[PDB]
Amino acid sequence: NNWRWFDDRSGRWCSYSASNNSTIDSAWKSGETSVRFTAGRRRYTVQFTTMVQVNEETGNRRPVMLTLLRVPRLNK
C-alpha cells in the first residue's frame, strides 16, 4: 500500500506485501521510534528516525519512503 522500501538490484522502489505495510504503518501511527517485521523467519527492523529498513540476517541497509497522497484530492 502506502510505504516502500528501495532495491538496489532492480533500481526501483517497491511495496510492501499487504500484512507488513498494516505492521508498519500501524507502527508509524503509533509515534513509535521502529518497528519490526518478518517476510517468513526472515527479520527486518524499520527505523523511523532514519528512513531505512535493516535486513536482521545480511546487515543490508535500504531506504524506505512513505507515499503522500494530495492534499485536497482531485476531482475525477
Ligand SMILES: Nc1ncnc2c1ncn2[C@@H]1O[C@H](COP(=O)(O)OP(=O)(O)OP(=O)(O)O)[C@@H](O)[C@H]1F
The other form holds:
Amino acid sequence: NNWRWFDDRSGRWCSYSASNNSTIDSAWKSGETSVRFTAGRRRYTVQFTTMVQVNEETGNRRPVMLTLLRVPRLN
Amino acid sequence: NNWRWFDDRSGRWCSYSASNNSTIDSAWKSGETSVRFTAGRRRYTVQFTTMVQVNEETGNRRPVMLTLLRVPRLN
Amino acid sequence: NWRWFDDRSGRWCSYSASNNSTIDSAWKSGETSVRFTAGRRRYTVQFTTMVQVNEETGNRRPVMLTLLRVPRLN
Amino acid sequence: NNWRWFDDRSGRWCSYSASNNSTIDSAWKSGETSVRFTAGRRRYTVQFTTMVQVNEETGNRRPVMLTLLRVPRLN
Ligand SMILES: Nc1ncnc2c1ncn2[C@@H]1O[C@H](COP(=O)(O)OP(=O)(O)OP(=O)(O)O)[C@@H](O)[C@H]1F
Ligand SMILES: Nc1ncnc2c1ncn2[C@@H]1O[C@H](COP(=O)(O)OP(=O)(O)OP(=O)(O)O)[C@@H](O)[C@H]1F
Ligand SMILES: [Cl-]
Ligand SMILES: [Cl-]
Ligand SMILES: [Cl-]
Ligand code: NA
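Hand over the structure of the form solved in complex with the ligand; the form deposited without the ligand is what we had up.
Zooming out: every chain and molecule, the one shown earlier first.
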C-alpha cells in the first residue's frame, strides 16, 4: 500500500489493489518512466515523470503519490 | 518550489508562490499537522496528515505533493 | 540501495545483493532492526540510529538509504 | 535541523548548528553539488554527490545524511 491515487469525487487519496501496487512499484524500482496496468475493463498508464495516472480510454488524469517512510525510523 | 498542488482543470501539478511555498515548507519542517496560507485574501489550509489542500472559500480539496531530490546527488 | 560507510577507505560501500535484499525487506516491513552476516561476521543494522553494529566488537558504522527522485526525470 | 554528520568517536549521528544546517540545506535545495561552511577554526566541504563531508584543514572525511520526514504525516 505504498502507492496512492487521488479521487476528485470524494476528495481523498485511495489505495491500489495489492497486485496493481506491485505492478506499479516494480516498474518504479526498475527505473521505468511509466507503467501500464489493468483493473477490470479499465486500462491505465502511470506516468512517473509527472506523478499522474492516465485512463487510456478517456484520458482522465488522476494524481498519484508514493508514500515515504521516515529516516531514521522511530522507536 | 518543492511543494505542488494538482490542478484538475488543467490536469497538471502546479507550484506555489515563493511566499506560499515557504509558509508551507516551514510548517512541514516544524512538525505541524497542517498550515494556513492565503493568496491575497483567499484562504487555504494544507492538511499534512492527508496531503490535501482545502480551499477555505469553495471547499474544494486538491491533493498536494512534496517533491523529493535524489540522494546522493548526481554529477 | 543500502550503503555502509568504510572509514578505512573514506567511502560509502554497497552491500552484497543478498544483504541488500535482507536489509531492504526488513526496512519495508517496518522492523526496527535487521540481522545479516558478511564475511563470517554477524551484524545488526539499527534503523532507529542508522548504524550497522559488528556483533563481536561492537563497532558502529553508519548506513544510508539511497533515494530516487520524485517525480522521475525524463 | 535535518542534516547530520557521523561521529566515529562516539558512534552516533550528530546535528549541525542551526546556521550551519541552514547553509547546507540551502545549497541542497538550490541544486548545488557541494557547499562549504565554516565551523570554529575549520572550513568544511559537504559533497552532495557522495554524501561525505571533508575537513579542508586536515582532509578528514565524515559521512553525512539528510533526515526524511514521513509522508503523509501521522496525526
Ligand atoms: N470507486 C472507484 N471509483 C472510480 N475509479 C475507481 C474506483 N476504485 C478504483 N478505481 C480506479 O481503478 C484504479 C485501480 O484501483 P484498484 O484498487 O487497483 O482496482 P481493483 O480493486 O479493481 O484492482 P485489480 O482487481 O487488481 O484489477 C484506481 O487507480 C482508480 F483509477
Ligand atoms: N564534538 C565534536 N567533535 C568533533 N567534531 C565536531 C564536534 N562538534 C562539531 N564538530 C565538527 O564541526 C562540524 C560542524 O558542527 P556544528 O555543530 O555545526 O558546528 P559548531 O561547533 O560551530 O556549532 P555551535 O556550537 O552549535 O555553534 C561538524 O560537522 C564536525 F565536523
Ligand atoms: Cl484531481
Ligand atoms: Cl479514471
Ligand atoms: Cl573532521
Ligand atoms: Na579520511
